[PDB]
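Next come the chains, spelled out residue by residue.
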Amino acid sequence: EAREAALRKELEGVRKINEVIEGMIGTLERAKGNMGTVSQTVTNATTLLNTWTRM
Amino acid sequence: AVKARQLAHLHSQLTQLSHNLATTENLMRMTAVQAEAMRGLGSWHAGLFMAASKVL
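From first to last, the protein sequence lines stand for chains D and G.
The number in the authors' numbering is simply the position in the first sequence, starting from 1, with 48 added.
The number in the authors' numbering is simply the position in the second sequence, starting from 1, with 21 added.
Calculated directly from the structure, the hints in this document are not laboratory data.
Among these hints, one or two may not hold up.
The calculated label-pair distances, taken between Cβ atoms and stated as ranges, are [said to hold, decoys possible]:
1. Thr44/G x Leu97/D: 47 to 57 Å
2. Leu62/G x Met83/D: 36 to 46 Å
3. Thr85/D x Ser64/G: 40 to 50 Å
4. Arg60/G x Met83/D: 48 to 58 Å
5. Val90/D x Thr44/G: 52 to 62 Å
Virtual Cβ for every residue (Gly too), placed ideally from N, Cα, C.
Produce the entire structure from the sequences given, and follow the hints as far as they go.
Here is the structure:
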């Protein structure tokens, strides 16, 4: 049936979108951890700079 | 001969005197400046290590 063709094509396109979405959310959470590391890094940098200041 | 040697001594004296005074004045003033430069330098580094000790 034409409805089955529409059904399968709908699942195909939406599933491609879902897979891309899954990779996208994974990318974002990876970036979340990266930004956390970034924040910690600069925090430590600031600490060292303050140590230098007192020095 | 006698006065020839007298003035030989005098010429040597005065010649080397001009040399020595040049040496003296120029390098003394220079070294005085160098001394104060080294003074401030070493004092700064001394305090640097002082702060390092307090950092410990």
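Hints versus structure:
1. Here the CB-CB span from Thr44/G to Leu97/D is close to 49 Å, well matched to the stated 47 to 57 Å.
2. The hint said 36 to 46 Å for the Cβ distance between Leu62/G and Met83/D, and at roughly 44 Å that hint holds.
3. For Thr85/D and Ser64/G, the hinted distance range of 40 to 50 Å is satisfied, since their beta carbons lie about 41 Å from each other.
4. Range check, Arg60/G to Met83/D: Cβ separation about 49 Å, and the 48 to 58 Å hint holds.
5. For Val90/D and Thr44/G, the Cβ-Cβ distance of about 58 Å falls inside the hinted range of 52 to 62 Å, so the restraint holds.
In summary, this structure violates none of the numbered hints.
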